[PDB]
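Next comes just one chain, in structure tokens: the form deposited in one PDB entry.
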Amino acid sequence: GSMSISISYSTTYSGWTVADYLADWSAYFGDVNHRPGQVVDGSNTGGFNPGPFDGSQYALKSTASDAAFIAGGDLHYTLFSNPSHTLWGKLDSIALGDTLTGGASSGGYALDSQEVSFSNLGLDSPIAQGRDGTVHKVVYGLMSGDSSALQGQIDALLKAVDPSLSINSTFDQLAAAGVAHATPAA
């Protein structure tokens, strides 16, 4: 249905498990070190579309590799305001791959090589939860080289489509189950 997770994957990853893909992606993107004393504007801040502190997208390129992600939904960052340094709101999608392109003035961010995406995530975290919100933990994991939170949410959403499905399923198995959709290889 309209509430079910939808997954896209490059045909290159048809035989991969979701868990194996995300464990490698997290390590390949690495940790941009967006932390006190380590924030480097233009290196590890990323950007909102349209911003400056809110967007339908938040996007970041790795400082270690060409990896980039785009978080899609209705996202808000509190900067210094209580609860400080919280990303909250609606998270509908995560897109993973290489070579971040576009922006607000281009009609939105896209990956020139999108490898995998997760859509209809249905995540909604209120400001009052601060950095304990699921949206914050899912997206901060992508900043910091630990996609555990994202992996857990995908695993729960798959089990809701059908209890035989998990992040240990291959993309091809998820395609057979009607959840995943192959996209062109780089």
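Between two forms, the rigid core is defined as the largest C-alpha subset superposing within 1.5 Å. Only residues modelled in both forms are compared. Numbering follows the first chain given and starts at 1. First, how it differs from the form deposited in another entry.
- With a cut-off of 2 Å and the rigid core superposed, residue 40 has a Cα displacement that reaches or exceeds the cut-off between the two forms.
- Core-superposed comparison between the two forms: CA of residue 84 displaced by less than 2 Å.
- In sequence order, the runs of three or more residues whose C-alphas all shift by 2 angstroms or more between the two forms, with the rigid core superposed, are 40 to 42, 102 to 107.
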Given for the second form:
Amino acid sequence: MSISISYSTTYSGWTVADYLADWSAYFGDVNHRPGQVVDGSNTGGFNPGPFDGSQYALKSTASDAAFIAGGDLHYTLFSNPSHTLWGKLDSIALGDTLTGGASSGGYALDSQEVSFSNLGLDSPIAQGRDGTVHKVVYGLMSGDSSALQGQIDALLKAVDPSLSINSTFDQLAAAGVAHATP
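Could you please show the structure of the form deposited in another entry, as a counterpart to the form deposited in one PDB entry just displayed?
Only a single chain is listed, so you will not see partners or other molecules.
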């Protein structure tokens, strides 16, 4: 099946692009870069882990913002090509207050704002950091939602060419693609 969106009633009138720019700015940058991963505060984590699973989750350094990437995900760590997220990305959940982890049976958000599901993205290991899955998720880590925006846009176009990243969540609901939280 094709892209499926969940949205808080708050954002009914908001556009997906406007939402993502404010989200990404609110989440900020955890500075997950060479020489800047010196402890556990900015790694995120995998479920089940240690470097592969059905979820990768990360919370903001600055705020209570967090995201959960869902799929069948893999991370090379120090192995060539190094520091590459690859695999199937099915979903991206954005919201507040990450709970849980590997030891409690999964990551969760207390307050989900928006989620994008059935993304159908799939990157092979050998593509390295140029893979779409890596760029999408690493962008969210870095306070840049661009790659994710582009991919959401393309998927929406394919459902109905009047739909885009610049559509309202309400508009997307009218087209069969999104649903507000009751």
